[PDB]
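Q: In case you want the letters, here they are:
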Amino acid sequence: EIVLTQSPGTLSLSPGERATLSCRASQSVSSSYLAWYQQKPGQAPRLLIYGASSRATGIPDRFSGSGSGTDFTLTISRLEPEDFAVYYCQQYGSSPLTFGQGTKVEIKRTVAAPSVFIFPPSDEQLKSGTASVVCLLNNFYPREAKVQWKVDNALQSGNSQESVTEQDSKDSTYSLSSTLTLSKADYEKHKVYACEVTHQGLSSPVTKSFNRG
Amino acid sequence: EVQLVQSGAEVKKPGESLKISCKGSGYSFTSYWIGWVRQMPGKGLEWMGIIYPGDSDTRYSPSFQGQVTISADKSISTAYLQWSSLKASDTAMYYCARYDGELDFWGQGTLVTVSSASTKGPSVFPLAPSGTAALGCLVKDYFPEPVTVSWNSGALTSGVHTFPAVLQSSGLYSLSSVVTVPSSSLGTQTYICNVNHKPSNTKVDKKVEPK
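Chains as they are written, first to last, in the numbering used here: chain V, 1 to 213; chain F, 1 to 211.
Chain V extracted, bound-state conformation:
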């Protein structure tokens, strides 16, 4: 089969900048049989470009494609807010049909440090035998961030989960919520609960903490 490799994984650019997205094939593909799709969160993929360089119906002029042999590009000449999405290339010349792994185009803005907040478990939850400790990292950029949970100075690993919001439509930042989960028994055996946050915008790690009780 023909394997399609897209690069970069993530493209970070400001509105008005030119986006150049790459799709490399494991062997030569006729330009007639290379397509690009756009996908927004919670939406089906939409055809953008077909035959390497032709715009699909309804697609604005700022989208273009070029390439042949093993190397293809999708170009967005000047990015609009609505263009920030995931893009997939696809070949349909030789079966089986294959897709690239996708490139996310996200908004580059000025680096912004997270505001950090820690929340102890509720007394109601403790009654049930489990303790959830929550750390919020609010309104930061870029997306990459590190949460390090500490319990009486012991670095925790493997007992936490986190998720991140979609890039904010107004300020282009992200927020992150992390939950440390431990048994009520473990929670009551220890005193100091700390969330240490590392991020590009912080000169040094920020730690928020509480003492149990």
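It cannot be assumed that every hint is accurate.
Unchecked claim - One side of the interface only, derived from the structure: several residues of chain V facing chain F at Cβ under 7 Å:
1. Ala-35
2. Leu-47
3. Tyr-92
4. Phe-99
5. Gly-102
6. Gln-161
Said to hold, decoys possible - In silico DSSO-like links for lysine-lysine, alpha-carbon gap of 30 Å or less:
7. V:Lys-208 to F:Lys-207
8. F:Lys-23 to V:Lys-208
9. V:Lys-40 to F:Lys-23
10. V:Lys-150 to F:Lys-198
11. F:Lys-198 to V:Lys-127
12. F:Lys-19 to F:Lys-74
Calculated from the structure, these hints are not laboratory results. Heads up, the beta-carbon is just placed ideally off N, CA and C, and yes, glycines get one too.
Guided by the hints, dock chain F onto chain V, whose structure is given.
A: Below, chain F without anything else, positioned relative to chain V:
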């Protein structure tokens, strides 16, 4: 206009059978091939196979050959994708699409969730505030997705972040919703998160204040 309309979201247990559907309208259904595409959570697009509804000529992607059955009923302009015995690893969004060579029209997708977990309503715990303050709710131990969360019955929207759920080892989901507010408001303004989990008919209002 050309439309492909897929059947609704499915929540299943491992070992159960399932046939999902894709109905075409606004064109000659028996004149075009229909493809099926898988998209696992947070992952890319995968080609599954293709069918010509006119004669049911069917080709499978090598990875899906013998794993699913693709079929069609031309009399009702419908294409199908089916599993005899679902696995948790079949959890994904499934798209049908009309084949031109490229895929020019797409269905809206059918979400298929496969888990050994059973329907369960959430517990809602406060994330209590202790000059910008943050407060919130922890919506813990529910199945399946989704939940809805509002603040003050929709009156509070500014500074709200409702996070994607995480799937715990228990097979149950956990989600947080937070809001940042003036520290000065903490003594005077009531903050209530309104949580609804339709699958279990569990609706909860949690007032959140300093402990």
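Q: Confirm or reject each hint.
A: Evaluated hints:
1. Look at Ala-35 of chain V: its Cβ gets to within about 4 Å of chain F, closer than 7 Å, so that hint holds up.
2. Checking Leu-47 of chain V against chain F: minimum C-beta separation of about 5 Å stays under 7 Å; hint holds.
3. With a least beta-carbon distance of about 4 Å to chain F, the hint placing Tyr-92 of chain V at the interface is held under the 7 Å criterion.
4. At about 4 Å, the closest approach between the beta carbon of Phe-99 of chain V and any beta carbon in chain F falls short of 7 Å, and the interface hint on this residue holds.
5. Below 7 Å, beta-carbon pairs count as interface contacts, and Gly-102 of chain V has one with chain F at about 5 Å; its hint therefore holds.
6. The restraint placing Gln-161 of chain V at the interface with chain F holds, with a minimum CB-CB distance near 4 Å, inside the 7 Å limit.
7. For the hint pairing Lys-208 of chain V with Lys-207 of chain F, the CA-to-CA distance comes to about 24 Å; that is within 30 Å, so the pair holds.
8. With a C-alpha separation of about 54 Å, the suggested pair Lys-23 of chain F and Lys-208 of chain V falls outside the 30 Å cut-off, and the hint is violated.
9. Between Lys-40 of chain V and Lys-23 of chain F the CA atoms are separated by roughly 23 Å; this keeps the pair inside 30 Å, and the hint holds.
10. Among the hinted pairs, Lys-150 of chain V with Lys-198 of chain F is inconsistent with the structure: their alpha-carbon atoms are about 36 Å apart, more than 30 Å.
11. Of the pairs offered as hints, the one joining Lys-198 of chain F and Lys-127 of chain V holds, with about 26 Å between alpha carbons and a cut-off of 30 Å not exceeded.
12. For the hint pairing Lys-19 of chain F with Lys-74 of chain F, the CA-to-CA distance comes to about 16 Å; that is within 30 Å, so the pair holds.
This entry does not satisfy hints 8, 10, going by the numbered hints stated previously.
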